[PDB]
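S.K.: All chains should be built: construct the whole structure from the sequences, respecting the hints.
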Amino acid sequence: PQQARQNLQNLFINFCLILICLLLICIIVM
Amino acid sequence: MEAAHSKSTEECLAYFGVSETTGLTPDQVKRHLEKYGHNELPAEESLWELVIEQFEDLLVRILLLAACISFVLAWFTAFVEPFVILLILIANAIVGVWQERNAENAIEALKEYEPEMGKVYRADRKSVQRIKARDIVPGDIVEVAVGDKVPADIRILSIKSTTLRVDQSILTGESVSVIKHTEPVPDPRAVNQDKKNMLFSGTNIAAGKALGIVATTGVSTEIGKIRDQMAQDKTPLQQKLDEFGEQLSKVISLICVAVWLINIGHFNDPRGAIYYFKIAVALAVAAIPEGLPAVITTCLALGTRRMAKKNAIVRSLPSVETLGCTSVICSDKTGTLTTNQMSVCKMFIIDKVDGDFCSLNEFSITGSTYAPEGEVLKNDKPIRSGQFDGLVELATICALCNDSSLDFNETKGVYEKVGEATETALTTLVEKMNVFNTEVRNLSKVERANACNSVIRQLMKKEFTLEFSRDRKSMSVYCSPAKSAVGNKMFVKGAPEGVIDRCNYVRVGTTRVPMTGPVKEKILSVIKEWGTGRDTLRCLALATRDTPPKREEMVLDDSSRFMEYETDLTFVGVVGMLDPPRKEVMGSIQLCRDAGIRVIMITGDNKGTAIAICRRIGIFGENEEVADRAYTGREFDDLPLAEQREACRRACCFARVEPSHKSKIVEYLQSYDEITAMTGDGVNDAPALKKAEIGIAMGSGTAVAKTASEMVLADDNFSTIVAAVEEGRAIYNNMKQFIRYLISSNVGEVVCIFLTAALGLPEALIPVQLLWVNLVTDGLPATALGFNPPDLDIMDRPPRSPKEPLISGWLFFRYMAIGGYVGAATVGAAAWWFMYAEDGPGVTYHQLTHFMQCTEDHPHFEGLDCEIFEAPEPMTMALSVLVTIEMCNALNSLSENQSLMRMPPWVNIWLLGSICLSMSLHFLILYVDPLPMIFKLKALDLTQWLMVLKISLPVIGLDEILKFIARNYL
Ligand SMILES: [K+]
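Chains B and A are the protein sequences, given in the same order.
Counting from 1, position 24 in the first sequence corresponds to residue 44 in PDB author numbering; the numbering is continuous, with no gaps.
Numbered per PDB author numbering, the second sequence spans residues 1 to 45, 48 to 78, 86 to 240, 244 to 282, 290 to 503, 507 to 992.
I should point out that these hints are in silico values taken from the structure, not numbers from a laboratory.
From the three backbone atoms N, C-alpha and C, an ideal C-beta is built for every residue, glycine too.
Be careful, since some hints might not be right.
Which residues of chain A face chain B? A partial, calculated answer using Cβ under 10 Å [said to hold, decoys possible]: (1) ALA100; (2) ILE315; (3) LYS328; (4) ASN330; (5) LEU802; (6) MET857; (7) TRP928; (8) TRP932; (9) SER942; (10) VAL950; (11) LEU959.
Simulated DEER-style distance windows between Cβ atoms [unchecked claim]: (12) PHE834(A) / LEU28(B): 34 to 42 Å; (13) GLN244(A) / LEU28(B): 35 to 43 Å; (14) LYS605(A) / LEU28(B): 32 to 40 Å.
M.R.: Dropping the structure here:
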């Protein structure tokens, strides 16, 4: 619960940022 | 206050309205803090700015204006091509910028472990207060002593010492320590050197103790002014990475332009060169790493953080690279190898002397802490110390020759040391002995602590103290009997070897007997027996001068003439002290052997005992011949320079050395290209810690020693060093783990594209796809490798050499071997969809190469569709293989050489997480329908995924062949 805690906070932020990247290509649709 | 030096102590005190005897009121402190700010330089205050940092690169900007001249030509999938590229690269920036800023923050926060401190007297407390220098205010009274770093700009109010020596070097250049005074320096102009009543922020106290008032803090201080006008060096490994940085960058840039030229007259098919340019510049963005990879600093930050949480505070960062390569460790004994939990457990006095005959009264003391709780035994049966007349006098010497006391801590519950470890251990013995039969059974724990000691103190007045000096190795105290006429006496304690010679008589009970050679030899018999035995006791001999010189026949301030006043002594007894090796030391010593690191103990112990402890802890063997591998400082000084140097090559043990011997030892070690970690803690070790490769300072030690070292042991434990060297080696492996994965994958991206061009096949991956894999891999599995556990056998191989290259020949081959197969496996999957798959195949002869002649040249050697080449299905085999092979290659980077059957995929439980999270993002651009148009359409649910997996997986097998070669070669 120290390095393992700074682990989820790391990956989950990197996942969340790529998720939004897609949902801006997914948003830009007409 | 700006002119403090020129004005009087009284004027300065008055200016701040502060009481010298009191210090500032908590209110003054508050208002002064408001008025003057914290004693520090301001923090120069990223985010959005750091994202646009990445687009300053010209190759990234070339791509964006090649995706705009592609859009604007089309307007007058390719509709939103500049929209996707920009959206990926702003995300690609944030992924590798936020990782960078986090790493730097975690490294910056290491400073919290070793905060800058100071010692103030304030109105709210009678005692001295040790607060953070950060909070020191202009006006309050500061205390500085030997080993201190002056916390702010201070006007000296009084020097409590006989002399105050200050090391101003950091500010003036004067490398000899300056003497100081209290008088005002009347010239308002006078330069710092002339300011002989001033203490400068950032400077050291080389000896003595002063009390003063803070004149200026923050940027107003002398060194604070410098650090505003102040506006550089690459560690060996950085130079070998940056060098390889170009090496790799300039190879890929050549192949990038070669991809554009291989496509000669293909610019015509559908001016037309702009496609083969943006597909060759997207490789220049995907395969070339501009700026240090973010995961490198992420695993260094994480390494040093682990070290601090192990008690190894890294002061100098590059010392983490030096730490891998260390080959020698010079550890001090008493604080660092041994607990410093001292207690007298044995003692003897003279029993019966008859000519050449000499027998002793030996005793043992139970109880090994500092508490006055134990028995004096003789022949394992408890005895009353008070019955023996020698033991009375022994206990009197131990009580008076003592600058310590005990202290019962009420809230912690245990008895605690006040003075030095050695002396508290003597106080404790006088308590247990109770030579005068004092009623102590009804005393409170607090009142008990010094009861028996304070009875002896009420028996003779302590007149003065002849302090310890390295030359005689002993101290004494002059005493006159309290009130009421038994003449004045001196009591000496020190090294047995030294004081026994200075004894002319021996005490037997209350009898004095002439000191003979048989008695002298008998005493040392046991002294040797004890220091060489199971517990390697540090003996002291206790003696009295029965007839001391007149009180005015002795120079009480000249250290050198003291020994003269400590002769005509009478031997009384000896106390054997126990200070046991720290338990982990035994095993940490063993680790260092396996690591290939030599360990040299430096001691204060006499040679014999010094060797014995080395045998105990495993530095030596129990039988091992040692004669030419352990030296005293004296013996070492009588060797010619060349033999001295030779001696340093093999020596594991140095007993009783000068302060100047540590620098010598380092130097000689260095002439053999050893990488040496020296421990120190005093002002004296400062130059030697500077000379060593890894200056390791004691936490409990002086500021000066820490300020001059690369690393501070928070817990003063020797094992902390060994742990630190492991964390150093463990880091270097974790670098090369991520380095392999990054470099092989980029070679994959180069082999992938340069096969499409130099063979003639259709486009393997579109720029939108290449930048996608390059975002998912660098975003999840790459950043997960910074979290994989320390490699397996790191501490079983010899220490890394600083002359070695970052990436060896063999390793460059592993980067190619893998880098080739990954590139070929992606181009051999898109091509598979035609050639041998069941979805409209190209000719298994070799026709797919000539895709260029179909739309017009159909009637010649074709006979099929001429638009199913740009099909949305071979490219989704090339992407799917690339992702999966990258997830497969990420498992190859959980260890450099150790196979997956010895270090399973679940060693990094987080990489497996990033695999699933990468797979969820990969499946989302194959199914969620607004997207796969801009990318490509899905791979056949079950049949083609078995092909992707049977294509990708062998990359794991390939490395296992390379790892087996590797492990079965060393
Ligand atoms: K150093």
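S.K.: Against each hint, give a clear statement of whether it holds in the structure.
M.R.: Here is how each hint holds up against the structure:
no.: 1; hint: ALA100; result: holds (4 Å)
no.: 2; hint: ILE315; result: violated (15 Å)
no.: 3; hint: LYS328; result: holds (7 Å)
no.: 4; hint: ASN330; result: violated (15 Å)
no.: 5; hint: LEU802; result: holds (6 Å)
no.: 6; hint: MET857; result: violated (32 Å)
no.: 7; hint: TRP928; result: violated (14 Å)
no.: 8; hint: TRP932; result: holds (5 Å)
no.: 9; hint: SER942; result: holds (8 Å)
no.: 10; hint: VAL950; result: holds (7 Å)
no.: 11; hint: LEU959; result: violated (16 Å)
no.: 12; hint: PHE834(A) / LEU28(B): 34 to 42 Å; result: holds (36 Å)
no.: 13; hint: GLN244(A) / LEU28(B): 35 to 43 Å; result: holds (38 Å)
no.: 14; hint: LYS605(A) / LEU28(B): 32 to 40 Å; result: holds (36 Å)
The earlier numbered hints that this structure contradicts are 2, 4, 6, 7, 11.
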